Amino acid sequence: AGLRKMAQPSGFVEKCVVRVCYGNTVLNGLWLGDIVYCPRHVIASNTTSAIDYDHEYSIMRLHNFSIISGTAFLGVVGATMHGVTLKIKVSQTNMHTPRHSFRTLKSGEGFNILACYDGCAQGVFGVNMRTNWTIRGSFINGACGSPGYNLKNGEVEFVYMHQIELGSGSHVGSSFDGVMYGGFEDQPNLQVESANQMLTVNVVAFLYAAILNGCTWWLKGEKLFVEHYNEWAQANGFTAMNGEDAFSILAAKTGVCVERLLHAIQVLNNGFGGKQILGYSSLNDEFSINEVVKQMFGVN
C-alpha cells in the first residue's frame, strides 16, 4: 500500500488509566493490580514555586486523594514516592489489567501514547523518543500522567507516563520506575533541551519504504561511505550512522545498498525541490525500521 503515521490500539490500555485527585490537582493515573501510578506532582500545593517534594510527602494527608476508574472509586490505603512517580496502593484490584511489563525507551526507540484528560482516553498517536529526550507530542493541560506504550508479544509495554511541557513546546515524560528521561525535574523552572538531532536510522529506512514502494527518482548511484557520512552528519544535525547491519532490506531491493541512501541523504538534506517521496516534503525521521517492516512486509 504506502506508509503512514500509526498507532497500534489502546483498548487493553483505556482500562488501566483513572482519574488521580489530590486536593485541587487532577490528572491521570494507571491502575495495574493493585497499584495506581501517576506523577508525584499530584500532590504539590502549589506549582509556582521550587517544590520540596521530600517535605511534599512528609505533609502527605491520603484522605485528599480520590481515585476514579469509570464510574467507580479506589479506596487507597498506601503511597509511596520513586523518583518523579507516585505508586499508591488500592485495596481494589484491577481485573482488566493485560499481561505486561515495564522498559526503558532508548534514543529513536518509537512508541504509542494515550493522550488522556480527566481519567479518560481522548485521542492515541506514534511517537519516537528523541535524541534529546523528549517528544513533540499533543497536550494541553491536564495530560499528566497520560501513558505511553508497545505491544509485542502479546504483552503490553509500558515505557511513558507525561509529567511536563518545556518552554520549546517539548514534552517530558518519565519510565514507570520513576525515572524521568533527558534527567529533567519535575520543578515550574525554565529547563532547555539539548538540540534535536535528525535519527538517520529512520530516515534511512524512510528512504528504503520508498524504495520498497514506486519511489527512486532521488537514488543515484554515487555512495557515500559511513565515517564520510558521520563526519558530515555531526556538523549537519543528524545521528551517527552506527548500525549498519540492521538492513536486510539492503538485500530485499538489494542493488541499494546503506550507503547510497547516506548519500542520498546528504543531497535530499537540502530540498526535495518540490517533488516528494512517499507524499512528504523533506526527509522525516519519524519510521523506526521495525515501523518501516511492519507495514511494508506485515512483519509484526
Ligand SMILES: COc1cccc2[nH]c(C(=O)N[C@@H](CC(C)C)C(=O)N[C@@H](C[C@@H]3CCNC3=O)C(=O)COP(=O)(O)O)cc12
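Positions refer to the first chain, counted from 1. What we label the rigid core is the largest C-alpha set whose atoms superpose within 1.5 Å from one form to the other. Compared with the form deposited with the named molecule bound:
Comparing the two forms between the two forms on the rigid core, the single residue of 51, 26, 240, 250 with a CA shift of 2 Å or greater is 250.
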The other form holds:
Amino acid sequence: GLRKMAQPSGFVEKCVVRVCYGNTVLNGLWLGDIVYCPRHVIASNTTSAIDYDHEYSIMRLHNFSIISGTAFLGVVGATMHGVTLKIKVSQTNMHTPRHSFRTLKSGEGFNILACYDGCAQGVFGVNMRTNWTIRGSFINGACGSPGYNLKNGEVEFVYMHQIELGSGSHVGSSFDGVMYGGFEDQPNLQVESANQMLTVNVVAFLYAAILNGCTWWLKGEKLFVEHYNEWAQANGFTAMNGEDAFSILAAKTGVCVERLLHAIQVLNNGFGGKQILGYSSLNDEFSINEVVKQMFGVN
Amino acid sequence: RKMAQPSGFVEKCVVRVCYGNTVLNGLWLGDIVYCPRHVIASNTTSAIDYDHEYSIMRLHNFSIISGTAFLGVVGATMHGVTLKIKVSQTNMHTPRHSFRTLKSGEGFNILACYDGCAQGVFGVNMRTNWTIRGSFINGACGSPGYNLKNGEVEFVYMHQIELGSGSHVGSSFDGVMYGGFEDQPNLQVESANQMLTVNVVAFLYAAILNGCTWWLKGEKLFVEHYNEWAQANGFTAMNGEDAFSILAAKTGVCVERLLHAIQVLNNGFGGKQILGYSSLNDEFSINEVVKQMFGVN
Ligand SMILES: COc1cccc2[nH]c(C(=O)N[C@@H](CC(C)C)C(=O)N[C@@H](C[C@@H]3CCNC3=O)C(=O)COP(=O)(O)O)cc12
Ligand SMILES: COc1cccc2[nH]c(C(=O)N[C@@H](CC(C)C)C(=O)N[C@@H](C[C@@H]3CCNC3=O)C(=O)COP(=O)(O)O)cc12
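For comparison with the form deposited without the named molecule, please write out the form deposited with the named molecule bound.
In what comes next, the whole complex appears, and the chain from above leads the way.
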C-alpha cells in the first residue's frame, strides 16, 4: 500500500525545551548552547501591533525560564534574528544531533513534531504548499514546534511553527528567522494565496496505483507536457517539470508521464465512486521519493 | 490530520535479529528480545513445521545487534507465533511499559523498521477483519506497534505478514496472531472489512466543530434502525454513545442526526467535500478528534 509516514522523531525530541518569558509559554529548540524560539514570546501585549524593537529593548534576561525535561537552564544572553530569538544558555545540549539548517522550497515534504509545554505529543509528515502554508493540526501552545528532515545521517531543521491563519492554515519560519511566504508575526488577519495541486505528486501517486495494480483509469492517449501546462494554469494545478526524474517509475511500469497527464485532466472531474489506492479524488500528498522508497526501499 | 505519537521511547528498543541468512527486527525490553518465530525457519517457501524448526534450532546461528553492540544469547523459547530470546544484557533504555492486546477498532502507532533501524512512523486502526492498512516491504517483520498512555509505552503489535490483498497482519507480544492468521506461506483471505461507525460519527462531529455543516439535515435516524441498515451496508453497529453525549451536548447535534447523514453520505458526496475528504472517513477515533481539537485525553 501507500501510507503518509513521518520520519522517526527520536533525535529531535531530546532537543525540545519549554521557554517561559513573563506571561507567555511556548516551545524552544536547544542545539549546542543556543535555544531557538519564536520572538513573539517576549511580547507583553498582543492585542495591537507589536513593535519588536521596543519589546527587544525592554527585554530583561531574568524573566526567562528555560526547562529541559525537569532541568532549568541558565540564560546568558538573547539576540533577535528576523522572527526568531537565539537564546544563549550556560549548558550545551549533549544530545545535540548532527544537523544543518535548510529552507523548504515550494512543494517539498518534511516532518512536524507537534510539541506542548516543551514536550512532544504528535508527529506527522506534511508538504509545504505553493501558498507557503501547511495543513497541520495545532492548538494553542504549539508555537516553536520544529519541522525537520532526516537525510544522510543528519537532521535538517526546516520549520519553526509561528501562527495559524484565519483560514486554519499554519505558517512557520526557517531557523534563519525568515517567515515562509512573508507573513507577519502580528496579531491581525492575513489572507494566503490560493493553493495549487502539486502535479508532480499526483503523477507519482498514479504510478503507485499502476504498481499496485489499480489501472482502471488508465488509457493510451498522451497529453504533451506543454499542452498540460496551459491547462494547469487555468485549473489550479502546478506546471509539470522534471519528467526525467520519473525514469525509474516509467521503466518499472512501462507507462510514460504524458499518459498520466492526460489522466490527471480526466480524473479532475471525480472518480465516479471508484477509488484509486483507496482515495475518492486526486492526491498530491506523495512525492516520487516517498513512492519509490515505500515500494522498493530505494532512496 | 492523521498523526502518530512520538517514537523516541520505542526507537532505542529496536534491534537487528539475524538467524543464519534471515534478518529481521526484534524488540529489546529488559533482558528479553521479542521477535517473530519465523526467524528460525529454514524455507519460508513451503509449509513450516515449527515444532521441528524449534527442535533443530542452534543458538550460535543468532546475531543480535543494538547500534554497535552485540548481545549474548543465553536461551530462547517459543510462545505462539513469537520467540522470546533471553540475552545477558539488560536494555538500560527500557521504558515503563506493559503489553496489551488490541480490540476491534482501536488505533495505535507503527514504527516501521528495517535491519533494526526505524524508517518511519504512522497511525493505524485495527480493522474489524483484524488487519491494518499499512505500508511494508521485505525486512519489516518484527516492526512494533505501540501506544503512549499514562506515562508508559503499551506494546500491542509485532509485524508478521502481508496478505494477498495487500492488507497487513501482526501478532500481540504474547504470541497471538490477530485474526487467527497463520505464519505460513499460503494464501489466506480475510473477511470483509466494515466501516467503523463510531469513527465516522467522530469525523462528522469534527466537521461540525470546524463549521463544515452543508450535509447536516434535521431528520433523526434511531440507533436500532441505523444498526439494521448498517448490517446490510458494510458498517459496524453504533455503540458507546457515551463519549458522544459530551460532543452532542457541546454542538447541540444529537447522534441520531449524524447516523442519518451517514446513510445519505454513503452514496457519495455529490461533488462537495468534508474537511477536505471526498468521502466518508473512518480513520479517526473519538479520542483522536477530542485530543487534536481540545487537547484532552
Ligand atoms: C486578531 O489576530 C488574528 C486574527 C486572525 C487570525 C490570527 N492568527 C493569529 C496567530 O496565529 N497568532 C499567533 C501569535 C501571534 C499574534 C504573534 C499564535 O497564537 N500562535 C499559536 C499557535 C496557533 C494558535 C492556535 N493554532 C496555532 O497554530 C502559538 O502557540 C504561539 O502563541 P500562543 O501559544 O497562542 O500564546 C492571530 C490572528
Ligand atoms: C507465498 O505464500 C503466500 C501467498 C499469499 C500471501 C502471502 N503472504 C506471505 C507472507 O507475508 N509471508 C511472510 C513470511 C512468513 C510466512 C514466514 C513475510 O514475507 N513477512 C515479511 C513482511 C511482508 C513482506 C512483504 N511485505 C510485508 O509486510 C517479513 O518481514 C519477514 O519476511 P522477510 O525475511 O523480510 O522477507 C506469504 C504468502
